[PDB]
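Here you get one chain, nothing else, as structure tokens; it is the form deposited in one PDB entry.
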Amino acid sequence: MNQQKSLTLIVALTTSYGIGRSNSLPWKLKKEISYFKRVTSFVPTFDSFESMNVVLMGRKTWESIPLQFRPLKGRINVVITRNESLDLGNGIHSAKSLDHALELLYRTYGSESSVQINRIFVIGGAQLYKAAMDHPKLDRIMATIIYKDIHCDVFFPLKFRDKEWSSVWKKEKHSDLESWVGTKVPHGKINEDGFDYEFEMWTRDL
């Protein structure tokens, strides 16, 4: 037991695959963030009684999150890092790799545990995203496409939306996105801060 569940990656990126700047999001989209929270937090009502989703993130992304919103509530947080000095926390798990993170979660939350894991999300860090893209359990990408070539210093590691990856990565219908997300999601381009963006869901066969 260490690779039964599939991994889902969630990211906001420009048409040029840009995802970040000075260790932060180069855009202020309150609605986008609302989507991110909704998607990574959603659990089927029936399972909602004792099931929570997991959010795996890199150390940089973790530090980039305002203490006020740290850690991400209603979700089990796990920070992937190799440097362990005096990183404080409130029970926040710590793993040195994506697989080390999965073994930690499956061990901490077994069929005997009170809290059961529902979905596992990889929410951040180009580095962690790079490792997820290579993981055989990653089969889904919740992408928020930003139609603007905003200046970025960090980019998504793989052009999953490009022609070269079109036989591996396919974009699902909006009805399937909502069906998987469990809720109604805005369809079409959304305008916030003079920028057009929309939600998409991409999948690959494991």
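Positions refer to the first chain, counted from 1. Between two forms, the rigid core is defined as the largest C-alpha subset superposing within 1.5 Å. Residues that one form lacks are left out of the comparison. What changes on going to the form deposited in another entry:
Core-superposed comparison between the two forms: CA of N191 displaced by less than 2 Å. Once both forms are fitted on their core, the CA shift for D162 between the two forms remains under 2 Å. In the core-superposed comparison between the two forms, the C-alpha atom of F49 has shifted by at least 2 angstroms. Taking a Cα shift of 2 Å or more after superposition on the rigid core as the cut-off, the stretches of three or more consecutive residues that move between the two forms are 21-25, 45-49.
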The other form holds:
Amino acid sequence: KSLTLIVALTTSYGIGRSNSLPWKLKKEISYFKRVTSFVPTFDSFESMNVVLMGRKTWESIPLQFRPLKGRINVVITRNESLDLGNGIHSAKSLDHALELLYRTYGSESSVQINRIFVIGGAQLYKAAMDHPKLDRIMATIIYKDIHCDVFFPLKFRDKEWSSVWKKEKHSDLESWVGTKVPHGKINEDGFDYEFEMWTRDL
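Same protein, different form: I have the form deposited in one PDB entry, so give me the form deposited in another entry.
A single chain, with no partners or molecules, comes next.
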């Protein structure tokens, strides 16, 4: 299957700032939660989405929300000297993770994978962007100048990338996520942001 990447970035492609949780957004995280958790419901088997994340992202999730509930969590660590729990998967790279997933949630598993999301960080976003299977980007554009030291690795919303990465209509975004979404800029605590969906032909 295809890989989807989900990210909240500023206009200048800034992903993270100097402190922890540089941008505080309860309605925006709720969107992250619903998109990453939305699955169809079948009577004979269980459907779950997978979230792929790097070790720093894993370590950033408050304890009461970790592992991400109702989703299959996979943490990418090379020097795996991480004490992960029971039910949490770990892989050395993204291709190794995909390998483990198709071997684990196969034909005989009662748990079947729905969608696969790459949730960061920037080293994992870099690897995904280079993956033949990445064809969609779920992006939340923050219309603010936050000091960031970490940027998104490809300026996919720029002119330079327009014949490769296309911004879908709002209605296709709503159809993919399975819910109507507010159009235009949303203000949340002095922050203006907008939801977008970009795809690439494979």
